[PDB]
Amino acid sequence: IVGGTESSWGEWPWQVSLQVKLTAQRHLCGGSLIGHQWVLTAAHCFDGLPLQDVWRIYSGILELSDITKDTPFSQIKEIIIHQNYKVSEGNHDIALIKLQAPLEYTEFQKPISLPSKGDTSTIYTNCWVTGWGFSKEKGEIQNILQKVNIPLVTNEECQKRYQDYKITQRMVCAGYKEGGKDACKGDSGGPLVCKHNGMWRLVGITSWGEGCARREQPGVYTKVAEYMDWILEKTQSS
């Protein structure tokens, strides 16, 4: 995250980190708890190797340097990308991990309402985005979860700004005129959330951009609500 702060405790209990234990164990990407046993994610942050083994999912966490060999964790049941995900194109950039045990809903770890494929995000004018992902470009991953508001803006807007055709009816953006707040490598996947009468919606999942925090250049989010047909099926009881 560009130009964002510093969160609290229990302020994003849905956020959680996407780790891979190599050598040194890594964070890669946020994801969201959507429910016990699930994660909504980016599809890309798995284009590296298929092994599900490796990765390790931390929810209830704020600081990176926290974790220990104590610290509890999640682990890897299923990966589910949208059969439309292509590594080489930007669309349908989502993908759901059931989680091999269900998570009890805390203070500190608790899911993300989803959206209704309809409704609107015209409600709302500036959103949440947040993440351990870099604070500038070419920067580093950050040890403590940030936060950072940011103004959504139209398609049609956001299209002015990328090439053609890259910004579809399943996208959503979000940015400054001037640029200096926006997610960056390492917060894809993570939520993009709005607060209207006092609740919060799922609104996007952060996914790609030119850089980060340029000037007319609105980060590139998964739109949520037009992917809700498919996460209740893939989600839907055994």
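Positions refer to the first chain, counted from 1. Definition used throughout: the rigid core is the maximal C-alpha set that superposes within 1.5 Å between two forms. What changes on going to the form deposited in another entry:
- Just a single entry of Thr122, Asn84, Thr106, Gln75 exceeds or equals a 2 Å CA shift between the two forms, which is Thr122 (rigid core superposed).
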Given for the second form:
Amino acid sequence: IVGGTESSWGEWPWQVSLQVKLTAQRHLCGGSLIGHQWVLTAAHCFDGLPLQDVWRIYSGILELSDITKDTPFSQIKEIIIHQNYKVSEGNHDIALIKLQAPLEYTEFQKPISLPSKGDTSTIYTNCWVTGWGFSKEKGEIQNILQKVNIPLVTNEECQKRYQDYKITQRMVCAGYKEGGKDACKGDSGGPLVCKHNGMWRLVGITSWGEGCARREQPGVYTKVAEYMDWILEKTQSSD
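Form deposited in one PDB entry done, so how does the form deposited in another entry look?
No partners, no molecules, just the chain.
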């Protein structure tokens, strides 16, 4: 996150860190807890390492430096990548992760609500993006979970800044005209949440973008409301 500030315990209790352990262990992506046994993230997080065994998922965590050899983590039982997602591209950039065991809820580990069928035409005005990504282009993974407030833009505005790509109705974009606040590398797969009628809703999944916090260069997010039939089918069907 560029231009953000430190989050607090309990502030974003759905935020998870998806890490890979080979010889060394590294944070690769964010994700969002959406049920006891379900995390929602970006499909692209699995382009390089598509197999489940190397992944470790940390929840109820503020500071990555708190992780030690003994820190408990969830494991991946199933990765469900959208059937129309193409590796390395921006369409249908969404994946469900089923955990090997269900997690209990606490005030520091609980789910983000998904958008409601009633809120199809809602214009969201208090939106935030979180993660442990770089605080500048070619920076470093941040220790304490960062947060930043970013306004949504229209798809037409977003398309003006991405002439080489197609912005679709299944994407949503967010950014400031003069830049300065944005997601960056390592935030991908994490949440874009907006507070509507007193509750937080998962509106986006951090997906792609050119640079970080550049002027007239919004971030692109998978628009979660457009995948609700798919989420409910894949989850209900699995359990």
